[PDB]
Amino acid sequence: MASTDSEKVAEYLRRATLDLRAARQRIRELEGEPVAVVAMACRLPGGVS
Amino acid sequence: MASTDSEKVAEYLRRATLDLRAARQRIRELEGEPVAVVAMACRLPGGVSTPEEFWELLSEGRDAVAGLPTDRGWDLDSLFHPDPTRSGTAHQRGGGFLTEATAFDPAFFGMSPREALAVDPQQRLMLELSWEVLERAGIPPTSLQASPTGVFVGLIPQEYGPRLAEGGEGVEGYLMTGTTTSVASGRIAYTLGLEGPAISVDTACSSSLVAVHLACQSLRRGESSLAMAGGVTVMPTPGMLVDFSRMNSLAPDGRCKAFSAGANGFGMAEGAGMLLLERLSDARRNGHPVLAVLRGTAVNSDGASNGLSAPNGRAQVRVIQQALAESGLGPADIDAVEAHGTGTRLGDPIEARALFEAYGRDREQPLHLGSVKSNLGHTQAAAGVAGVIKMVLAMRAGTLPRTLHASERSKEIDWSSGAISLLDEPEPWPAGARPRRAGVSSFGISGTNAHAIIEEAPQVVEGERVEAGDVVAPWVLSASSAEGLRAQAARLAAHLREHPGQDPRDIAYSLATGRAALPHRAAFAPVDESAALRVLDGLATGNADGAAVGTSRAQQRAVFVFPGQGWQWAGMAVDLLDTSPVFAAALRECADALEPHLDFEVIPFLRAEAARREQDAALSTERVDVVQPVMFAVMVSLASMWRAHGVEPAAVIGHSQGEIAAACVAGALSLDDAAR
Amino acid sequence: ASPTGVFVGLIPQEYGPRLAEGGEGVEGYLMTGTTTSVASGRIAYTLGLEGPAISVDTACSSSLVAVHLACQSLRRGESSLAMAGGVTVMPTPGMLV
Amino acid sequence: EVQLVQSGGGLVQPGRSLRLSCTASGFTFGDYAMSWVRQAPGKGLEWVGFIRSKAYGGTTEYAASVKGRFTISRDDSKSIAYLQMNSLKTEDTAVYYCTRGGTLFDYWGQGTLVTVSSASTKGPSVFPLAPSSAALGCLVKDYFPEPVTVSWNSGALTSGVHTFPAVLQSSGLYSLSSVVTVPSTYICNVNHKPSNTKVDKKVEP
Amino acid sequence: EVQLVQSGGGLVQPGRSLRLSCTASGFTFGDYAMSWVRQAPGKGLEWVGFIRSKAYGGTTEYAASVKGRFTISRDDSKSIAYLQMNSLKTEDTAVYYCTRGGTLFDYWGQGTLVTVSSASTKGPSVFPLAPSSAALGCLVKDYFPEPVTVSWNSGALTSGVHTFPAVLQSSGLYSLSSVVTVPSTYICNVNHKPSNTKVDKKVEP
Amino acid sequence: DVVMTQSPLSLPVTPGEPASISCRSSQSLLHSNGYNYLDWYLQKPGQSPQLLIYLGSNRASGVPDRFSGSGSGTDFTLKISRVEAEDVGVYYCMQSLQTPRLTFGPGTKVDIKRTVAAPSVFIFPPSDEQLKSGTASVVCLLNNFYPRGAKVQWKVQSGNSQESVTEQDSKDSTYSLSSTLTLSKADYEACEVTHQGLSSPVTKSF
Amino acid sequence: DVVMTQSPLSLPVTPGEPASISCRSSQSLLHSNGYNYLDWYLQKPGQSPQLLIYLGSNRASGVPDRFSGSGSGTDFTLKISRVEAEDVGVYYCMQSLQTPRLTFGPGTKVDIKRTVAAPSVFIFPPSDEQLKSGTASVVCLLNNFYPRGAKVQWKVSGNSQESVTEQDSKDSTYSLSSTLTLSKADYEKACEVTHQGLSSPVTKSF
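Protein chains in written order, with my numbering: chain A, 55 to 103; chain B, 12 to 687; chain C, 711 to 807; chain D, 243 to 447; chain E, 243 to 447; chain F, 6 to 211; chain G, 4 to 209.
A portion of the hints provided could be inaccurate.
Said to hold, decoys possible - DEER-style ranges, computed between Cβ atoms: (1) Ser-25/F x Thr-301/D: 46 to 54 Å; (2) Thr-96/B x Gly-787/C: 21 to 29 Å; (3) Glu-475/B x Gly-787/C: 38 to 46 Å.
As the list claims (entries may be wrong) - Derived pair list, reagent style PhoX-like, types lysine-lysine, alpha-carbon separation capped at 20 Å: (4) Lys-296/E x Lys-320/E; (5) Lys-118/F x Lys-176/F; (6) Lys-192/G x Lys-444/E; (7) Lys-137/F x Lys-285/D; (8) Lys-82/G x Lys-116/G; (9) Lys-156/F x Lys-190/F; (10) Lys-435/D x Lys-364/D; (11) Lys-331/D x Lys-296/D; (12) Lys-176/F x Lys-443/D; (13) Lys-154/G x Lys-285/E; (14) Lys-364/E x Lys-440/E; (15) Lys-135/G x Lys-443/E; (16) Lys-173/G x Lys-116/G; (17) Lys-444/D x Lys-209/F; (18) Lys-158/G x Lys-207/G; (19) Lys-309/E x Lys-364/E; (20) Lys-137/F x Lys-176/F; (21) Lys-285/E x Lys-82/G; (22) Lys-135/G x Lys-192/G; (23) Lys-49/F x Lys-285/D; (24) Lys-82/G x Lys-47/G; (25) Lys-118/F x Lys-49/F; (26) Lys-285/D x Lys-364/D.
These are calculated hints, taken from the structure and not from any lab test. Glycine included, each C-beta is placed from N, C-alpha and C at the ideal position.
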């Protein structure tokens, strides 16, 4: 626009790249997100409680 | 040069934006992919055994509640008492109950009669149901071997056979394989060879809808390319009728008076329903017919309600709103909802209040409230599947079914809003600009509330071309028994006499790709719908229409016994040799294997037309000099093709002269060596 | 009223009388306390839980398919928390015989 | 995550300077170009101007109405954006926004009230509203600054109640009118926090 | 979906023209800038040139080695890209690629064999390989072009078998050697499809 | 010259319906790169706005995918699949082709669709103690009218009246106007609306 | 000047292990926009290549997310979490700060890791009927050696050609073909490899 030829469209790069990163992170948090074991409750033979 | 980076920058747009469009559509097909209904399945109260008969039941407003069954050996005499609190006694004096759940086909599957006797009818009424839902789809049931196809069947533990501590006299070891909800999906996955996740869900009156929900999840994540979703409540022993009388919740008439002032209980019925679920892209890519599309489904619990049995209002509103939110749809996008409508005087008011809350608060048109249990009765774990059956049939016929015993709308429900219209009359539901959408709700006695959103199948099927041809495609039909063969001819004849105008090539194509190759085969090449119906009626009676029965027994644990003594008639021709890939591969391999010592080729003798070789024909036992080399070549080819064409063999042996013959298909040969 | 799904692994076991001869006081609870459907329902009701209260059955794999299924429900996002597991307690000497 | 939270609100008279700072955290500050927008109360917004990134270097654009008045600076080590007011006048009375890009204002801070008014904090002139025969109200005239909440029946009546917005007259003072529309002698109270002028009024036709 | 499938392969001698067309479907052709790359057999790709989009207009760049020889054109109504060979020489013997962008070659066609060889189709000179006392083989000398597929024991032996790649000598002819490594008098056959020269060989030490 | 960009203003939206907002451009905003250079913004009433769509069609992250858009070389369409209770505010059709970036457009104040109501014109003479306090403010109060397309006239003329409109409420989905006619001492010795709710002017004086 | 870009070549990868490939740049490829301008490509042996990573870190669609990458202003790292049987080919570290891009770099032909084998040097005198046919081709055949870091010397060189193939599946080795094209009278005048498999030169002649 003013000097070189990219200071309004590189912003479009930045926004599109952030959106793609957030969407692929959404993919990995809906199909590959680790699922934590908060706590454990068991009643097992041998008196285990 | 790049105009000082303008091409570079804009081209990086042209990849990052495209990747974002791909990844966001991946989000959409991974969270809200509209999964379609390929084939329908139901064994519902009354005479209903197919979805078309269920529509015939719904369209004319017939109630299936007739009475208690007598095939099951029920006492029926301790089942009632003047005292309502007598142990061993039930309250309802009927209910829509299956008249065919008592019988099952052991010989059709790999089930022994001893096994099938101990099999829970619920499971017996899923083996046949899975078979018939696969046939209806145009998908050969035996073609889904070792393939990803999840099974989701809902059931009710109840009680069927004798005490498992006491065992039995004829049934000892297969009582486990019968009276377990677990194997009520594993059996289906085993007999059909399905490798997909076999889950048998159990959530009381919403098990079927829960199962279809999970199947939706499995397809959206892509764990299984195909899904087997459904539910069932077969009614083997009258105990649950006896004990649902103990809290005084059963309607004495056994009828589900849904949203009615005369609701004196929620009644009861036994039935079965089943669906084929899978993502619409996999449908239209693979050509599987699409009956309807299930867009969104949610499953929630009632929470701390007024007891485990009492329903919850806010939880119901939450589930029927979350289904819309996950579907991308809303209260105004649903033209007619299929509520639970269990029929009790307490569940119906709060249920209708929840419907008025999620839907009725913001309605442009009056919501058409319906209940399948009014025509059928509360099918418990088969409720939720029967509802979606009703709504999909309403889609395909373009008419809203009636809600029987609903003329007197309940006085405990505020209908003054007008946003919900009780379906006491058949309301036309034609296809228009708005995509027709429906909702099915099922609230189990366990407190788990589920709701699903059924959109009409996208009308992109239209656009098919029309043509005519001289191809007399054979009408191939196969069964597991000779009587089954005669009955398969008769039912096809009845269908073509009651549904005339179906083009012969369409019938042949449907009979060929969609009907499995069963070990009793009768076929004919029709020229007219009269000459074909005469053949069908001839096979029905049992005369020789072509004198040809393709007989066999099973495919699993096959040992390839190889007897000789004369076979393999020289009756091949052009195109035939190139119809089967492994057949042609084996024939050409036997052709190319013998360069140095042999030069005679069987392909010119095979690919030659045999229409001229049928006038000097002879039995294959006296032409051994010419037949035997052909025996050897085509025996190699046929062993190789029957090894993997729907058969899972276990070994290969040799009864007579098939020893070196099956040793040559064990390798250890060269050009010169094989020739020698 | 919080989103949390109950996924209990169960094999249907015969506990008391048949459903057809319910006892003196145990009359209407012979399936509302024994049916595998209501096992997770009791968890969701006593705790006031509002989520997918799902009872699975896969014989000796039921518990792990319940863990898998709660995992998938969390992955998509239906309930903020998930409650998965399984049990095999045999009251009668039935499954051993 | 990201936050372009602002700071530097206050009350000034035309002809002096004011401070506006935009806190940057959760990203590389030298990659995005800071811009500033101004939102006139009750009507649409307007770009004040912007600064270009250091790696680009570039220059600073400002709006045609702020030439020679406002300047923008930036730094990475402390990651705080600077919008500078010099020689303020009346039109600057508006809430300003910190925007995350020269042409893509992809993120937006909460906004800080930059008020350039010719008044100082004084007490209000509450005037009632006599019905014709209907609705009853009470004007709140000559109060500064905005900080005022007006309830009816001392916070007891809530149906049909209004607090009319701040009214801009040429004197720099503001006006509010609270009214309730219901047939019948009501109580309306105005609390000016900075001045602690607690006014209770009784109205009759 | 998308496909930049190519067409125009053939066999030529240096000094003439050849046609290369890239079929565009599934996207707007005037948005992406066509480029062309060349892949020398057995070694790395070495770029050729590109054309800029009509909306941009621009010019056409080619590699420093193809100045005044190759030209690229484009059109939207028929959506077929054009790479033109004029005054071909030996180095052009390579498979060319149709690439979807001036600087981002984000998509790549299958590739067409553009062969500029000084030979014509003839028959091969199959020569055996005598073991020292081991492995046994048979050379395939002087054949053109390279569809040859060599088997051992007439397609019976498959363990330890080789088909050596096409060998580039200065005469324009090619060489192949098929060998099997196993102690022992074997059969190796070479089938040249264009020439129908079916050669069977027996080898002894 | 400066691109003339005027989206169709005043698009009321009621929850649960599909709406669509267009936009205008003097010359084409479609550049040689094949991409449009217009941005879509929604202004929160009460706090900061957010991004809906860039490139004319490419949606931003964080916001739900409901905010769909497309357009031709000149014609643009932020085509909003549905709206809810929180989907109320001011849409800005800001094009990004020639900085400086001063003008965002007049802005599309959007609200909840409802049937046309009757504007309640309430004339209110100023209090007498105000007349002895040195000022005078007669207010022709307008309440429960929708949409906002009316201005209060002042006869016996206008010019000393101010404009003090609020936002929309939830359960009633109406609007009210405040025409404050600041007045002086000696000139104290009628108000009108031209709202769509009625046709004929309704005259009531102090 | 032209950016010197040489990724470390010869990175063998065996299935089931984390590898990482770096790359070099003479001056910084990090532009004023805060983004890198290097692209990552993998050349199929036998058909068309595909895109792994652009912007130096931004991955392309279609390919699985296993192809992860990052880098500094100059140092770059396509850091590949794991490899499988199909993850074999030639990786190109192509830049994009200076058009024309020209060649894609010598390229990183990558293969399956395995222990160092013994190069089987097989000397083969040409057939006598070839010697009467007008040509002569003595071949020092090399088989089952890995990696490829050896050249066949010709004593008693310059007339030898190079004809190496790709990798197989079950054996995961390589073979070389040193074809020494020869003439008539010069046959009346030994081959060597310098492969890591051994240390001392192994001399065998025709």
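Outcome of the hint check:
For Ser-25/F paired with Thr-301/D, a C-beta distance near 40 Å fails the hint of 46 to 54 Å. Separation of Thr-96/B from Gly-787/C is about 47 Å and departs from the stated range, judged on CB atoms against 21 to 29 Å. Hint check: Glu-475/B to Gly-787/C, Cβ distance near 40 Å, so the stated range 38 to 46 Å holds. Using a Cα cut-off of 20 Å, the hinted pair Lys-296/E and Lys-320/E holds, with the two alpha carbons roughly 14 Å apart.
Taken as a hint, the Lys-118/F and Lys-176/F pair is honoured in the structure, with Cα atoms around 13 Å apart against an allowance of 20 Å. In summary, the hint linking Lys-192/G to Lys-444/E is not supported, as the alpha carbons are separated by about 29 Å, beyond the 20 Å threshold. Simply put, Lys-137/F and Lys-285/D have alpha-carbon atoms about 35 Å apart, too far for the 20 Å limit, and the pair is violated. Our distance criterion of 20 Å between C-alpha atoms is met by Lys-82/G and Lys-116/G, whose separation comes to about 17 Å.
For the hint linking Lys-156/F to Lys-190/F, the alpha-carbon distance of about 25 Å lies beyond 20 Å, and the restraint is violated. Simply put, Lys-435/D and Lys-364/D have alpha-carbon atoms about 11 Å apart, close enough for the 20 Å limit, and the pair holds. A hinted pair counts as satisfied when its Cα atoms are at most 20 Å apart, and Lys-331/D with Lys-296/D does not qualify at roughly 31 Å. With a CA separation close to 29 Å, the supplied pair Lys-176/F and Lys-443/D exceeds the 20 Å bound.
Note on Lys-154/G and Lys-285/E: the hinted pairing holds, with a Cα-Cα distance of about 17 Å set against a maximum of 20 Å. Simply put, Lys-364/E and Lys-440/E have alpha-carbon atoms about 12 Å apart, close enough for the 20 Å limit, and the pair holds. This hinted pair checks out: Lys-135/G and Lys-443/E have alpha carbons roughly 18 Å apart, not beyond 20 Å. Annotation: proposed proximity of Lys-173/G to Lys-116/G holds, straight-line Cα distance about 13 Å (limit 20 Å).
Using a Cα cut-off of 20 Å, the hinted pair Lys-444/D and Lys-209/F is violated, with the two alpha carbons roughly 25 Å apart. Taken as a hint, the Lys-158/G and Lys-207/G pair is honoured in the structure, with Cα atoms around 10 Å apart against an allowance of 20 Å. Using a Cα cut-off of 20 Å, the hinted pair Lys-309/E and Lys-364/E is violated, with the two alpha carbons roughly 34 Å apart. The straight-line distance between the Cα atoms of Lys-137/F and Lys-176/F is roughly 41 Å, outside the 20 Å bound, and the hint therefore fails.
A distance of roughly 24 Å separates the Cα atoms of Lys-285/E and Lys-82/G; the hinted pair therefore is violated under the 20 Å criterion. Annotation: proposed proximity of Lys-135/G to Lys-192/G holds, straight-line Cα distance about 17 Å (limit 20 Å). This hinted pair checks out: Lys-49/F and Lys-285/D have alpha carbons roughly 12 Å apart, not beyond 20 Å. At most 20 Å may separate the alpha-carbon atoms for a hinted pair to count; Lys-82/G and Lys-47/G meet this at roughly 19 Å.
The suggested pairing of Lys-118/F with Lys-49/F holds, with an alpha-carbon distance near 18 Å, which does not exceed 20 Å. For the suggested pair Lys-285/D and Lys-364/D, the alpha carbons sit about 27 Å apart, so the restraint of at most 20 Å is broken.
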